[PDB]
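Q: Residue-level listing of the chains:
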Amino acid sequence: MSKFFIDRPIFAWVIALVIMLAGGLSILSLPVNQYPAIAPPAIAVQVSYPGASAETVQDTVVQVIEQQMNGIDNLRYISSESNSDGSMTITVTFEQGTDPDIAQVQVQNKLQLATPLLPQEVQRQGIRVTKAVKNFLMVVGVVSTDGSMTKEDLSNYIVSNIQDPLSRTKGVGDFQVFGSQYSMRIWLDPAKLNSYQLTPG
Amino acid sequence: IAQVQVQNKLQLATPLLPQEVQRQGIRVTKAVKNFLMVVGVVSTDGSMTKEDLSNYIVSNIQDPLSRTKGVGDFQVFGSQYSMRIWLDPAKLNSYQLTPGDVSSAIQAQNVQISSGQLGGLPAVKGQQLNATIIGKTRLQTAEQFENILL
Amino acid sequence: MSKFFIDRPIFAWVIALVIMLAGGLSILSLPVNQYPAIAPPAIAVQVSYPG
Amino acid sequence: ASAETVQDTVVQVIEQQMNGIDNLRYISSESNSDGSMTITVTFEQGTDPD
Amino acid sequence: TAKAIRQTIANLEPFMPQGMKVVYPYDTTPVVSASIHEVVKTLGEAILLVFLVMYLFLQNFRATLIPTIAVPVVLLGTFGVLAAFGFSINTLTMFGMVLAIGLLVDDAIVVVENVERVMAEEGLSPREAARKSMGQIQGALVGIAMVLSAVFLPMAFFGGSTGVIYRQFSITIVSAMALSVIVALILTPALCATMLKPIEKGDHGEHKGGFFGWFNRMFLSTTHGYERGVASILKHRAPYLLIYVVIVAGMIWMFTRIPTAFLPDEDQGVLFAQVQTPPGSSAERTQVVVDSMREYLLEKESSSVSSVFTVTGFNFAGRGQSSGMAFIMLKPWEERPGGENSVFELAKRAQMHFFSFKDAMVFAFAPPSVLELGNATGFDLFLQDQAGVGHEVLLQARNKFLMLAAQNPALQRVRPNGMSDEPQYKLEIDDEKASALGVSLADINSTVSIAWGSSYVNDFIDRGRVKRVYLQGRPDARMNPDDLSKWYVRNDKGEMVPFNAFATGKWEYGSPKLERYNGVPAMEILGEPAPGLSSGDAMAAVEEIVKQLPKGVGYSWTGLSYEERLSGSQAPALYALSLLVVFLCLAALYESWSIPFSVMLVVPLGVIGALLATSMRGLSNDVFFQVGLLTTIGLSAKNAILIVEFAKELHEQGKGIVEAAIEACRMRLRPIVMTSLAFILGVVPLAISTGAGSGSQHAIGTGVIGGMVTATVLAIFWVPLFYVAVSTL
Amino acid sequence: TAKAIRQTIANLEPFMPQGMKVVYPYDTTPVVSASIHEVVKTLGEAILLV
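Going down the list, the protein sequences come from chains A, R, U, B, C and L.
Numbering of the first sequence is given in the deposited numbering, commencing with residue 1 and proceeding in unit increments.
Numbering of the second sequence is given in the deposited numbering, commencing with residue 102 and proceeding in unit increments.
Numbering of the third sequence is given in the deposited numbering, commencing with residue 1 and proceeding in unit increments.
Numbering of the fourth sequence is given in the deposited numbering, commencing with residue 52 and proceeding in unit increments.
Numbering of the fifth sequence is given in the deposited numbering, commencing with residue 302 and proceeding in unit increments.
Numbering of the sixth sequence is given in the deposited numbering, commencing with residue 302 and proceeding in unit increments.
Certain hints may be false.
[Said to hold, decoys possible] Label-pair ranges, simulated between beta-carbon atoms:
| id | chain 1 | residue 1 | chain 2 | residue 2 | range |
| --- | --- | --- | --- | --- | --- |
| 1 | B | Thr91 | R | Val105 | 55 to 65 angstroms |
| 2 | B | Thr91 | C | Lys649 | 49 to 59 angstroms |
| 3 | B | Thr91 | L | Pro326 | 22 to 32 angstroms |
| 4 | L | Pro326 | C | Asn759 | 50 to 60 angstroms |
| 5 | A | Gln197 | R | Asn211 | 39 to 49 angstroms |
| 6 | C | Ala737 | R | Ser205 | 12 to 22 angstroms |
| 7 | R | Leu117 | C | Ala335 | 37 to 47 angstroms |
| 8 | L | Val332 | C | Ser1028 | 51 to 61 angstroms |
| 9 | C | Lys304 | A | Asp73 | 34 to 44 angstroms |
| 10 | U | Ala42 | C | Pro710 | 52 to 62 angstroms |
| 11 | C | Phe658 | R | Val107 | 21 to 31 angstroms |
| 12 | L | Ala305 | U | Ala22 | 23 to 33 angstroms |
| 13 | R | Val122 | L | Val332 | 35 to 45 angstroms |
[Claimed, not checked] Below are the BS3-like pairs computed for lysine-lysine, each with C-alpha atoms no more than 25 angstroms apart in a straight line:
| id | chain 1 | residue 1 | chain 2 | residue 2 |
| --- | --- | --- | --- | --- |
| 14 | A | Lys151 | C | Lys322 |
| 15 | A | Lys110 | R | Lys226 |
| 16 | L | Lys342 | R | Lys170 |
| 17 | L | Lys304 | L | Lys342 |
| 18 | C | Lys787 | C | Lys433 |
| 19 | C | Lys659 | R | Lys226 |
| 20 | R | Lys131 | A | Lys131 |
| 21 | C | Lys807 | R | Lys237 |
| 22 | A | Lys3 | C | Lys433 |
| 23 | A | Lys134 | C | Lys852 |
| 24 | C | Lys852 | L | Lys322 |
| 25 | C | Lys433 | R | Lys226 |
| 26 | C | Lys787 | R | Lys237 |
| 27 | C | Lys807 | C | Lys701 |
| 28 | A | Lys151 | R | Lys134 |
| 29 | A | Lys110 | R | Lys131 |
| 30 | U | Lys3 | C | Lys787 |
| 31 | A | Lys151 | C | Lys659 |
| 32 | R | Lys134 | R | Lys110 |
| 33 | C | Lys768 | C | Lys734 |
[To be verified] Only some residues are given here: those of chain A computed to face chain C with a beta carbon under 10 angstroms:
| id | residue |
| --- | --- |
| 34 | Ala12 |
| 35 | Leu118 |
| 36 | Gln176 |
To be clear, the hints were calculated from the coordinates, so they are not data collected in a lab.
Where is the CB? At the ideal position from N, CA and C, for every residue including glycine.
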């Protein structure tokens, strides 16, 4: 029926009060940002390869891995490249409106068809599969003005202490630390190696 | 979604396989029952065998017809070009060589070289030149495989 | 119920018209095929061990 | 192996390669002397296990 | 997650030593925090003066709040249905609701007009007048919802890449209307019309207290001026449509004249500056310019920047020793006043300074409004090779395309992100004479890889952490090519032989950044059209240059131009189904054809002003303007329909066919002049605004007032003549 | 998907050499179009008698 609002005024109050309460409970549970997901998923895969040319890293470890990057749902295209310090990205983009977890695991199970096909040196470096989209959010980590600290121990304290409780929180997809961690560097001398009748091998 | 127990079943026996088996890859596909269509034919000009057409199919129209929508599997007839080597026992006995020596000579000569750069970091202070160095490149033709010191 | 629409014939027409326009949207915004998903899903593995 | 020889070379190299994953509560890794190793990780309440 | 990693990981600061600290050289929290804290303040300034303007209207100082208590409540229902649909709040739903908040008050205006029409000329109590109000407002209030929702309901169905931006200007806005009609049916006309409305025989308008007693007689004079103006315009009726058809001809001409854009940028307090050097240059040859530009930015432009943070070794245009990029953080929004502190003046001043640099191709640029796609604005062009032809011919094709690049009149400043051919050193070995000297080949490979490839042997433990141990020679014996002759290898019988006895090397050329695409190698350039021009003519001007290439290679489009090639602005498909659904739906009120067809013809009258308002401002078309046209033609339609149904229902009551229209304008002139200015007097701080998010606020501010200024003072002169047409039989 | 396959075949086949061709020896797609055409031909030839 109709016309049931004249007789009961506070029954017309409480229907506004209950939607006011329903709107008041929705603010504390809805997340706040400035822009929604506009870009398609952009599943990236990168490796490292020390001391090799761009032609070597093109004819060794991207030609054998782009032949298995197939059989994936909603594949748009494969933006891949290579550099001179032995770096490469094979970032595959997908269609709009797709959950990126299956886009991770399909690229993973198709990358399993290439890991024994890689040479032995690049397999001990570590394949990296990330769900990075396009951009960064924030950078931190700096030296104080007290001196006696270079960039190397700063990078080592960034990697060995800070990013290990940081990379497993919410929203973290990719890290791009400037500079590497500590390492044991052994530098040789060719004249001393010739004097002691030794190779480097 | 249902691939979850399939994607962990491989880890129990991936490196436990023999290495020559492991050098091919365990292809996990969503093939269900049947095909859709077939393509590929020779033209009226001839001058093609039953191998070069398959090599052209897998070299030119494998990935544009498999990176598209809906394609889950393909079972091509024939395959690509391959630098096949057919040893002979008579000349091997004449030169007193084992085929394992031939395979080790091939796997020692046809190697890509990760050389590096001339101006690599950390360089000396004041160095004003950097250039990558290209070492031994992979072979191209058949006579390049003929000119291999056994 | 009825009797609010014989006196309002264009209000009786507009429901059929918006149903026809929603149909004209859904005839182009729908995929067509021969048969639905009757087959069960199946996952396969393949190798090649020569010799 | 021993507890230290399984603590230095395997758990310490897998726990560095197990990041960038959604809804991680914590990773409680442990090891014993007889060659066992556990990287049991908990997720959020009400997620999907597979 | 920004506030959950900016201080919850800083809990290691007691565990941190005293020699280290934490700064923030790059950040994005103000453009997400201060934007929301500004839009809540502009919502307060929106519903801050709408009480006082209607208080000036109805002359009630105490019984005044009664149409404006529902208004701060019904906006919570928008957040409720937005949480029910599972879409996060953004700039989009705030920019929708800041214009939706003024259009949802119109039912509260029309119910207090229903109160005042029995309060002024009648001495009836509101308890007995509530039935008289609801007998005529229920047949007029439930019809506007289905014609107002049908401008976003077909707009919500469109998806794609430019469909998720159509959402949050879709049905999330008009859900507030769909609940406001429900609370208008159930909440206002039984209690707000009755209980806060005493009877004091209201016929005042002579003294009004203070500085208030000179408005009602002027309003009566304006109503009589409108009543004589409609009598003047019904005299001839031929030139008043002969000047209508010329502005219909002007609409399509202005629509053709104005160009379009796509998602204009803001300041954002950030700037990127990449560097470039000729190839072969070291890291010091790029370090010699970043300190110079750092000193320049820290001294000559100190009134604009807070801090700079450069890196080297990595860039957006590749990496290596020929690369490097710098982040630049400017002042906060209250610290950089004036238009000279914007990102565009700073960008052109930075480019004018970088013109003075000789050996460095430094380029500074600003990111767009959207951060999750694209580093800059423009388009790209992949160059595939179908036949698998070699690298030099496609490099020459890229060279010919970049030669025929600055000569195109539709494009400007198109550049590659790759590099030229780097001079590399190709080494060669004479393994025949090497085996004659008695050395192998695999030991030679092992020695050269350990000597220069910087090999990695195994792991080691340091401070409870697993780290790596490398192996390499020394730098001072490898910086020079003849220093590469300083190495020795062991032969079969223990002794050593030098490197130059068997191996030599020469100088060749090779690209440092090799890029593949869909299995084949492909290089690319990126650019943008002329300032103001669209991307369609820029796309058409480059598909004629692709006949000038070595034949065997082809082109491809990717990036944000991929969806532009697929489905960009669908303005042919748009504005058609949305017009047809309201053209079929508005006949549900009048139950005729000629009268809804005639009152549909007010929709050209409101769209014309928002076109030349952008030209008077100086901005181009955008998706924000593309929904601004929808909301202003919805406002014009709802401001036109609520006066013609009174004339139609009062023609059959006691009046004639030409007299009922001017009688309806004589009786219902108050709310149509009320709610239009009551809406647009809150949009002025959004219409003119400078600060955080000022560009996207200007992208909707200059259109909404221009679309309605041709709709509330102009279109009321044309709507009753459209009603009393001779074909309306 | 079948017409997408025929489009991504027909776009690049001018770049194939002239001593090559492509046919469809086995196909399941045209019987679907023939079936739906012959059953929409039994709609205009089915409602006129009613």
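Q: Any hints from earlier that this structure breaks? Give me their numbers in increasing order, please.
A: 1, 3, 5, 7, 11, 15, 16, 18, 23, 25, 27, 28, 30, 31, 33, 35
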